[PDB]
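One chain follows as structure tokens, the form deposited in one PDB entry.
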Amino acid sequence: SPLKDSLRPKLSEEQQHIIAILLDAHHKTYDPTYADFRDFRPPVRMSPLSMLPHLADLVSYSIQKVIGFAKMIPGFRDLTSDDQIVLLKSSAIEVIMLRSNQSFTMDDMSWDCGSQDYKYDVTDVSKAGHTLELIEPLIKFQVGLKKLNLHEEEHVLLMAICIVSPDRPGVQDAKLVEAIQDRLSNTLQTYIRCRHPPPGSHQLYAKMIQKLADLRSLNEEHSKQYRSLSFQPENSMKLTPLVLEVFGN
């Protein structure tokens, strides 16, 4: 019956368009050759914070790319300048964690950016402590994300949904941010139903939103590390102007 068919709606042309746009936006903002990494302060392994200049540069570059992606998300530009800023301040670290899954490798459980010097493992990232609260769960998070085996379309939708979250602290037009997110969420749900076969599809939407919950917790845990570190002005000195502006001083 037409009545039953309307209940299971295929992906609209507008939904396919949203996906096209987010994929193009990602491809513009994520270089899988990591060529720009050569311009960062060098990684030093040999204080136990010797990697901080390099990882500061890596994060600061990655904030810049996240901003470029965010700007392309449909509807983002209709927000006020203020909500744009608060959404990006709040999400940046989570989108960086999420986008990092593309360099993460199960083989040695590290982020592999194409060089041994630009390969980052548990020993490098654990140097500033918070191993139980932040580092181990971040690695767990990277493993869980690989296990989901997302289509690139799901990956770009999840970054966008992450950014446009109405419950972020300081948001003014919560209704508008919710409406933009719902359009994205509904694209994702229909995408999964239409294009993601079982058994990988099973509960895939719910599992993806659970990854957004886990990211809120990682965000909190990193914020605690950041406040501890940055409280020593000699650490904050090794950071970048964009990191200070976006994450606070």
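Residues that one form lacks are left out of the comparison. Numbering follows the first chain given and starts at 1. We call the rigid core the largest set of C-alpha positions that still match within 1.5 Å between the two forms. What changes on going to the form deposited in another entry:
Among the candidates 127, 151, 140, 146, the CA atom that moves 2 angstroms or more between the two forms after core superposition belongs to 127 alone. Core-based superposition between the two forms shows that the consecutive residues, three or more at a time, whose C-alphas shift by 2 angstroms or more lie in one run only, 126-133.
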Given for the second form:
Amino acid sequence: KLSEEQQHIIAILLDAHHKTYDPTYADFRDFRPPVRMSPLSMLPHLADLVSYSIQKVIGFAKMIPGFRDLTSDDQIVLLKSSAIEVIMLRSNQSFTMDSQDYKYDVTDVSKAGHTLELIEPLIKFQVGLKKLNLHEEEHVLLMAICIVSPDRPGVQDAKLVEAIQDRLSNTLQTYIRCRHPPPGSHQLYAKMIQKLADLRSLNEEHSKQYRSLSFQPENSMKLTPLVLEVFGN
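Starting from the form deposited in one PDB entry above, please write out the structure of the form deposited in another entry.
For this one, just the chain is written down, with no partner chains and no other molecules.
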């Protein structure tokens, strides 16, 4: 009941994700090292992690079917507003409900200049998302749907974005119906869209604490140019 186009879309997103997510963490070595001893001691490392992750999210976004049809401006607006959300999403793959250096916990994030106001709901998110035990097919569709959202502020051709997203949305809904067996499939789509809603709230809180954090020039100094451009300066 999955059309050939929908199977095409899944194959494309799977490969796109495989080409942008290295589970071996080979590149983490090139980041400024994590410091655990420590005010904002993890900021340099996590900033590089996030900067790296933005690059990977962009590479993924470009391979989303239809994304190349949007204008340069709309591509920018979608990536700027969704970046942190897709990084939180993709990070679920490394999250465990149970390396050692690149295994991050609450205190690490706290040492990057954030409070429990963000960290608590972020952990709730990760646990709740993990619980869904999504197929990888569903995981990559959710990231793409997150990126191509009509309602992002600054979108010009919202009708086009929405049309590109509906195609991705219909592919997910059909995949679940045809490929994800119950009970695991029970209301799975609704629960995935709720995760996207959770992500909007996580996005807003991160934005707040990022403004506070990056207000001090001595902390802004510890960020990267890409982070400053995408998250703001």
